[PDB]
Amino acid sequence: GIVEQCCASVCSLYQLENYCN
Amino acid sequence: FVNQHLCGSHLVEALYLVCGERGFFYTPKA
Ligand code: NA
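Going down the list, the sequences are from chains C and F.
Every number in the numbering used here is 5 more than the matching position in the first sequence, counting from 1.
Every number in the numbering used here is 1 more than the matching position in the second sequence, counting from 1.
Keep in mind the hints are simulated off the structure, nothing from the lab.
Heads up, the beta-carbon is just placed ideally off N, CA and C, and yes, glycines get one too.
The reader is advised that the hints may include incorrect statements.
Just a few of them, taken from the derived set where beta-carbon distance is under 7 Å, the chain F residues facing chain C [stated by the list, open to error]:
1) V3
2) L7
3) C8
4) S10
5) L12
6) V19
7) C20
8) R23
9) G24
10) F26
11) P29
12) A31
Bound-form chain C, shown alone:
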């Protein structure tokens, strides 16, 4: 989920943009 990807490990702009509408 985003928490695994961005909090437990380092986030990226690619991952963030994947949750934008």
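Using the hints, position chain F with the ligand against chain C.
Coordinates of chain F with the ligand only, in the frame set by chain C:
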């Protein structure tokens, strides 16, 4: 500013800033 560990409200604020007017979805339990 997004290439770090972003958790909780810090994550939601990065989403709010990067996504803009497009908005986003925050699903913490995946
Ligand atoms: Na990561």
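Do the hints match the structure? See the list:
{"no.": "1", "hint": "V3", "verdict": "5 Å, holds"}
{"no.": "2", "hint": "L7", "verdict": "5 Å, holds"}
{"no.": "3", "hint": "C8", "verdict": "4 Å, holds"}
{"no.": "4", "hint": "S10", "verdict": "11 Å, violated"}
{"no.": "5", "hint": "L12", "verdict": "6 Å, holds"}
{"no.": "6", "hint": "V19", "verdict": "5 Å, holds"}
{"no.": "7", "hint": "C20", "verdict": "4 Å, holds"}
{"no.": "8", "hint": "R23", "verdict": "5 Å, holds"}
{"no.": "9", "hint": "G24", "verdict": "4 Å, holds"}
{"no.": "10", "hint": "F26", "verdict": "5 Å, holds"}
{"no.": "11", "hint": "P29", "verdict": "5 Å, holds"}
{"no.": "12", "hint": "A31", "verdict": "2 Å, holds"}
When each numbered hint is compared with the structure, a violation occurs for hint 4 only.
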